[PDB]
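Participant: Residues per chain, in single letters:
Protein chains: 4
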Amino acid sequence: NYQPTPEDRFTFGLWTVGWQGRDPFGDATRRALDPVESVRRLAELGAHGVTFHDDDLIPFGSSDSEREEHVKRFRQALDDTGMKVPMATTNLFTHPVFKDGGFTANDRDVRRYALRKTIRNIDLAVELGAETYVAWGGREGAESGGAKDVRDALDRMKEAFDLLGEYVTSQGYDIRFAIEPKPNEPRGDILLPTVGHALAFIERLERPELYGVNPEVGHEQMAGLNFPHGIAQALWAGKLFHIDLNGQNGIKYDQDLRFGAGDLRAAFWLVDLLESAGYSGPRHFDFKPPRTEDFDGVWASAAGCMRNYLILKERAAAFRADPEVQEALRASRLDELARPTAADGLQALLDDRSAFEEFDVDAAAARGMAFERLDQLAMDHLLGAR
Amino acid sequence: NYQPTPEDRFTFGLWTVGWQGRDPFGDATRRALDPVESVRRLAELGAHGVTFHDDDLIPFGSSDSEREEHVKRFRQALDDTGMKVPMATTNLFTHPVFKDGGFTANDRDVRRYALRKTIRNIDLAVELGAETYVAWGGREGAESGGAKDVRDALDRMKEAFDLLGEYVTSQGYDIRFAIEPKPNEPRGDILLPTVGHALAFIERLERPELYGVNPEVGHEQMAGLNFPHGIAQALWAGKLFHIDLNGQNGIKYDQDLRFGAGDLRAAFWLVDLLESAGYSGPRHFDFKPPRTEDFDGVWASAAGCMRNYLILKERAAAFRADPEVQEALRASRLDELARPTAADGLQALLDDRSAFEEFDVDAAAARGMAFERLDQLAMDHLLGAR
Amino acid sequence: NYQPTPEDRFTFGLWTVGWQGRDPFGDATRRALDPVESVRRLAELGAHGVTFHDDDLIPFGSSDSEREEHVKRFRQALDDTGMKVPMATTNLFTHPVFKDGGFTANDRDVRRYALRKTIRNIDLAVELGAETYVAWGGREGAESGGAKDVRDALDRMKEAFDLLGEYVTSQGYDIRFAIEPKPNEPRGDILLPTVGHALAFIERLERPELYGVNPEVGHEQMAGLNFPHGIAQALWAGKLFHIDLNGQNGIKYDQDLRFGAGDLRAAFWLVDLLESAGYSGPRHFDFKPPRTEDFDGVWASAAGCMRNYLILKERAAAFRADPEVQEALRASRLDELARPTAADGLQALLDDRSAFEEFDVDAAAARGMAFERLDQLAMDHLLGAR
Amino acid sequence: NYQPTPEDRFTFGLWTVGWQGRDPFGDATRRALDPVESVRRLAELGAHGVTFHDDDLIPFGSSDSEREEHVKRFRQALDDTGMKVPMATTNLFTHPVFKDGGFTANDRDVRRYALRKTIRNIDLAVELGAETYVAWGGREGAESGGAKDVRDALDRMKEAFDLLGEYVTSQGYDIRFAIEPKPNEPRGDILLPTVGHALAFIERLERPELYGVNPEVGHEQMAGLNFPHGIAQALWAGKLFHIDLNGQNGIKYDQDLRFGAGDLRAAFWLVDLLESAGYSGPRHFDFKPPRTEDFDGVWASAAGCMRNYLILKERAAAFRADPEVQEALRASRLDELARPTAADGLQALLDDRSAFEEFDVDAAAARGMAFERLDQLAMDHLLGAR
Ligand SMILES: [Mn+2]
Ligand SMILES: [Mn+2]
Ligand SMILES: [Mn+2]
Ligand SMILES: [Mn+2]
Ligand SMILES: [Mn+2]
Ligand SMILES: [Mn+2]
Ligand SMILES: [Mn+2]
Ligand SMILES: [Mn+2]
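Residue numbers (the authors' numbering), protein chains in the order written: chain A, 2 to 387; chain B, 2 to 387; chain C, 2 to 387; chain D, 2 to 387.
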C-alpha cells in the first residue's frame, strides 16, 4: 500500500512541516513545532531523516549553553527514533542584515559575517553526520539594474564558495556542497537562477569536485523549465548531489506544494529518471503544508509526499518493464538515440556518401516518430489504465 | 541624431528583414527578398554586415552550379557595399527531416546528415569571412517524456559539437562556435534551454575554448529570466562570443520584436553592460518585422533597431559619467561589492572577531541600501529627465 | 476499456487531425487530408462528429460549382458514417488580408469583408446542422501600443457581433455564438484575452442571450489561469455554450497537445466539473497531433483524447461517490460553502452579535480546513491507488 | 521639473510606504510608521491623499475608546495637511481566521464575520470622505481542486456584494465599490483573477451600477496580460472606478515596485490612455518600497512614483500632439478604426458587392499597416529623442 520505510531515504526539512504559515499577506496559522516533536512525528510516518538550517535548530543569538542544550535534545530524538541528518544549510535570508544578500551583499562586513555563520554550521552539520551542505542564495540578486554589478557579485560568490571549500579541506571533512537554484523570490531576480547557471558557475570554482546542485522541482518550474530535463543534465554532469521534491502549479510565487501536487506528469517523469539513473541520495521534501491546515493536515501532507513518490515509482517501473512499451521505445528509435552518431570518426563521416550526397532525406522525413502512442502508453501506466 | 555607421558593427540576419511573415496561423504577407537587395538596403541604413543560414543564401537542394552563382551574386553585393559577414549558421529546423532534431534526432542517419550539412556551411562561412558559427538547436528536445532520453541526447549533442571542433581544428580555421539557447518553441522543451545550461554544457566538450554562447534577448525572457544578468554571467565566464538583439513582451511565443521594443528598461541595462564591459563583437539583430508591415515598414523596423541601441548607449554612458550617479553608487556600496570579501585569507577571517563575535548585525541591518534613489537616477537618465 | 462511442459526443475540428505540421520554423511534415477521409477515420475511432472553418471544407476562392461539390462529398461522408456537425466557424486569420484583424481591422473594408465571409459560412453551418457558431478573433489585437485603440476596437467588435445577431434573428436560425478567448499568439496581445474578458464583453451586446464562450484548455493556461475555475465561472453565468479540449504545458506558445497531456490534474478537475454540472454539449478537441507523427500517430493521438476523457470521467465519478471522500468534503465544510451566508437578511446579520461582537475568531482560525487529506484522496482516486 | 501638487490627485495606501518589509522569507527591515507621520511625509512630497485598510488605521481588536483616539489623531493630520481620503478597504486577508477566505470562506460563520467587519469600515470610510470602497479578495480561492466549488463560491461572493450594496443603499451613502482583481498569491488561484472576470461578475449583481473595478498594474501583468488593454476594456464598460499604479517585472510573485519601474513602455501606454480618456479619479499607488531601503529610500521611492507618472504624461501628450504622429496615425488607419463598420446597416452590407463579390482582397492585403514607424515615433517621444 505504498507505505514508506526509512530504507526509502525520505527526508524533510525542519522548516517544512514546521512552517507556521506566515505568508507575505497573513500571520501565522500554526504554532511553532519543537524540532524534537517533528523528528518523532516524521519517524512515525516512515521518514529516514531530517535536515535543518542553523536557525531551524538553534534560535538566532543563542548562548553556547543554550546551543548545547538544543543540540543535545535534538541528538536524543535522533537516537530515540533512528532518524538521520543527511543534509544541513545556513539561513542567510531571514535576518534583516541579509536584505541585500549574504555572500554577495554589497556591504563587505555582511559578506564576511555570512561566511562566519556558514562555517559555524558546517561544523555542526558534520557533527550530526551530514554528507551534503546546501546553499540557497535567496537574497543574492536585485530588484533594479544599478544595485548589483553581476560580474562583481559572481566574483564575490566564487570567493565565498572557494573559501568554504578551503575550509572543509583544511578540516579533512568529507562533506560536499550543493547549490540550490531559484530564479526569483524574494529578490526580483536571484543570481544563479537555474540548474544550468549553477552548473556553469561550479566549473569556475577552485575545487569543482566539491560542489554539485540541489535542484528543487518548483524552482525550475518557476522559470517555466522542464524539471526532469534539468535533472538529466545535472546527472549527465555528475552533479546531482541532492534533490528537493515538491510541487508547483506553473509560473508564479514559489508554492512548495506537497510532492505529486502541481505538475503530476512531470513528477512521474522525474521519478522515472531518478530510479532509472540509480540516484542514491536522499529523497528530500522541501514543502509547505498549506496554511489552511492544522497540525493533523501537516502530517497528512507530509505522508502524501512519500506516498506519491512510491506510487509514481511503481507506475514508472511498470512502464519501463512492459514489453509493449519496450517495443514502442524501439519503434520510436530511443535505442538509436543511445548509439554513437559517428564512432567511425570524422573522416569516415566525411567520406560516407550515405550521410549526405546519397542520403534519402524524404524517406527519413516521412518516417513518423510514433511518440504519441508511446506517450499514451505512459499515460495508461501512470493512471493504472492498462 | 543617433545615425548608425558601419563602425557601430550593427548586423542583421538575411532571415530577419527577409521574413515573409508566415506564422503558425497565417500565410506570407510579403514576397521573398533577394539577399542582394537586403545587403544593399541594410548598407544604405548604416549596417556593418549580414549573417545567414546556409538555406538563407542557397536554396535547399541547389546544384553546385546554382550554388556557385548564388554565392557569386552575394559576394558582389558585399563588395559593392563594403558589408561584412561576421557570423553564419546552419538551418537544422525547417526541413521535415529535422522534425525530431538534427544533432540529437533519434534517427542516427539524420544526426549524421545534420553534421554533413553543418560542415559544408562552415567551409562556406569561412570563405565569406565569418569569425563565429552559431548553432541554434531549435528542434532538439521533446513534447513528451518518453520520446527523448536527455542523458543520451546530451551525449549525442556533445558528440556532434566535438566532431565540429575536430573538423575546424583539422582545417586550421580560426572560426569559433556559439550556441544560441532557447527554452521552447518549436519543441515543447528545447535542450540547453538557457544561457546557464549552454555554458555548463560547453565545459563538457573536448575543446571548450572553441565554444561560447550567442544569447538572444527574447529567448532568456521567454523563461522569465533577466537577460542582462545572463549576459553578465556569460561575460564573467569569458564566453560572450556573439549577441542576438531584439525585443520580447514577456513569457509567450518568441516575438522577435525590433530591439528596444519589449522590455525597454532591460534593453537599457543590457546596453549599459555591453558598453561597460567593452564587448567588441557584432551587435546582431535577430528580429522579425511584424507581418502587418510592407517593405517600407521592414526597413523602418530595421532602422529602429540601430537607433534604439544608440539612444540607449548615450543615456547609459551619461548615467555612468554623472557625478551624482557616481556618488549614489558609492552610497549604495557598489564600490564595496567590487572589493574582495577576504583577501586576508581564511585563517584571518576565522580569527576576525569583527566578522562574527563582535559584528554589530543590527547596525548593519539598519543601513539602507539607497537603491531606489539610484534607480530613479537611472530612470531620469533613460528618459532624458535630468 | 474506455472505448468511446458516438453517444459520448466527442468531436474534432477538421483542422486538428488535418494539421499538416507547418509551424513558424518548419515546413509541413504530413500531406493534407481529404475531409471525407477524416470523417471516416474519426467515425471508426468512435467520434460523434466534426467541426470546420469555412476554408477547412471549401478551399478559399472556390467557384460555386466547386463549393457545391465539396459540400456534397462532405455531406455523403456524414451520411455514410452517422457523424454530425455541431459547430462551425470562420477563418478570419490565415489570409494576409486579415493581418491586422477581421472584425477589428483598422481598414474598414476589411471589417466589412470579414462580416460578409462570416455570414456566408453561418448559412452553410445551419445547412449542415450546427447549433453553435464559434468566433476566435486570433488576429484582433496588436504588437504595439499606438496601432490599436482598444476602446474603438471593442466598439468595432460589438458592432460586428451585433450585426451577426441581427442576421441570425432575421433568418430565424436557432444557432448561437460562442467566443473563443486566447490571450496572445499570433498577435502580441489579443483582444478579449480570457474567459472573463469575453463574458464581460457579451453583456455589452444588444442580444446577450445569443452569445456564450467556447473556452480552450490551453488558452486560459497560456495566461497562467486555472481552467476549471474559468469553466465554473462560465457555467455560473449560464454561458458555457461549447468547450475546446486539449493540453498545454504552461505559459508558452499554444501547444494544442492531445487532451490529458499537459496539466493532467487540471484535466481531472475539468472533467469532474463538466460531469458534475451536467454539461451536455459536445466534448470538442482542438488539438494538433505533433508534427513528429505520421498519419498512424495522428489517429493514435486522436484516440488518446477520447480515452483520457473517459478515464478521468471514471476516476472523478468514483471520487465523488466514495463515502470516504463525502465525509472528507463534510470535514472541509464544502457543504457549508453551498449554504447561504445570510438568508436571514441584512438586518438580522447586523443584529447578530455572534457574527462580530461575540464571534470567537481564535477558535474559528484554529479549525483546520483538512484540504490536504481531501486532495490526497483525489490523487489516490486519479491514480487508481485506493 | 515634474513636481507633483495635490491637484495631480496622487494617493498612497498607508500600507505602502508603511510596509515594514516582512516577506515570506525575511523579517521586517523597517519599524512601523505612525499613520500621522505618513500623512505628513506624503503631503510634503506633493500627494493629494491617503487610503487605508481598517486594520491600517486602527489596530485589530481595539476598544472603541482606542478606535476613537486613532481616528481623531488621523483626522487632525488630514486637517493639518489638507490631505484627503478618497478610498478605503477592509483587511480580509491577514488574520488567520481568513485563511480560506472572507466572503467565500467555506465556514459560514467566517463569511458572516467578514461582512460584519466590512460594514463597520464602510461607515468609517464614509465618515472620512471616501467615495470608493475597494475589495481585494486575496484569500478567496484554493490551492487544490476539491477544496473550493467555484460555482458555490461565486454564489457566496455575489451574496456578500449584494448585501453590501443593500447596506449602502439603506444608509443613503454615495460611496461605490471597486473590485481589485489578482490572479494568484497568497492563494494558489484567486477567484475573479483578472479585470475581465471581475467585470463579468459585476453584471450578475443585483445593483451593477454600484460596482466597478480597481485594476492594479502588476496583477494583470502577473497573468501576462496587457494592462493598458484591460484598462481600455474597463473604460469601455464604464467601470474604471479607481486605479492602482505600480510596477511588475513579468510573471512572478507580486512585486509592487514603484510606478514606472517594471514595464516602462506599458506605463507609458497606460498614462497615455488614462489622460486621453480623461480619467478623473485618484492616481493611487499600491507599492512596496523594497525592503533594502531605509526610511529615506521609502520617501524617495514614493516621490518616484509621482515623478514617473508626470514624465510619462508629458511624453504621451507630446506624442498625441505631434503633427508627424497625427499623420502616422492617419497612415496606420487609426481614424478608420473609429468609424462604424456598417452604419448603412445589415441589408446594405449584404447587398454591397464591394464588401465581398468585388472586394479586392489582394490589394487590401498588400497595404502595409505602417505600425513600426508609428511605434518608433512613440519610442522617440518616450525617450525624448525627437
Ligand atoms: Mn521553493
Ligand atoms: Mn528547496
Ligand atoms: Mn527569438
Ligand atoms: Mn536569434
Ligand atoms: Mn490553442
Ligand atoms: Mn480552440
Ligand atoms: Mn500587487
Ligand atoms: Mn493594489
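If you are wondering where the hints come from, they were derived from the structure by calculation, not from laboratory data.
Watch out, some of these pointers could steer you wrong.
Said to hold, decoys possible - Now the stretches of chain B that chain D is said to cover, found in silico as 3 or more residues with beta-carbon under 8 Å:
id, segment
1, 106-120
2, 193-204
3, 287-295
4, 307-320
For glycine and all other residues, C-beta sits at the position ideal for the given N, C-alpha and C.
Participant: All the hints need checking, so say for each whether the structure fits it.
Facilitator: Here's how the hints hold up against the structure:
1. Counting residues of the segment 106-120 of chain B whose CB falls under 8 Å from any CB of chain D gives 0; the rule of at least 3 is not met.
2. For the segment 193-204 of chain B, the proposed coverage by chain D is not satisfied: 0 residues have a C-beta within less than 8 Å of a C-beta in that chain, short of the threshold of three.
3. With a threshold of 8 Å between beta carbons, the proposed coverage of the segment 287-295 of chain B by chain D holds, since 5 of its residues qualify and at least three are required.
4. Check on the segment 307-320 of chain B: 4 of its residues sit with their Cβ under 8 Å from a Cβ of chain D, so the three-residue criterion for coverage holds.
Of the hints listed earlier, those the structure fails to meet are numbers 1 and 2, in rising order.
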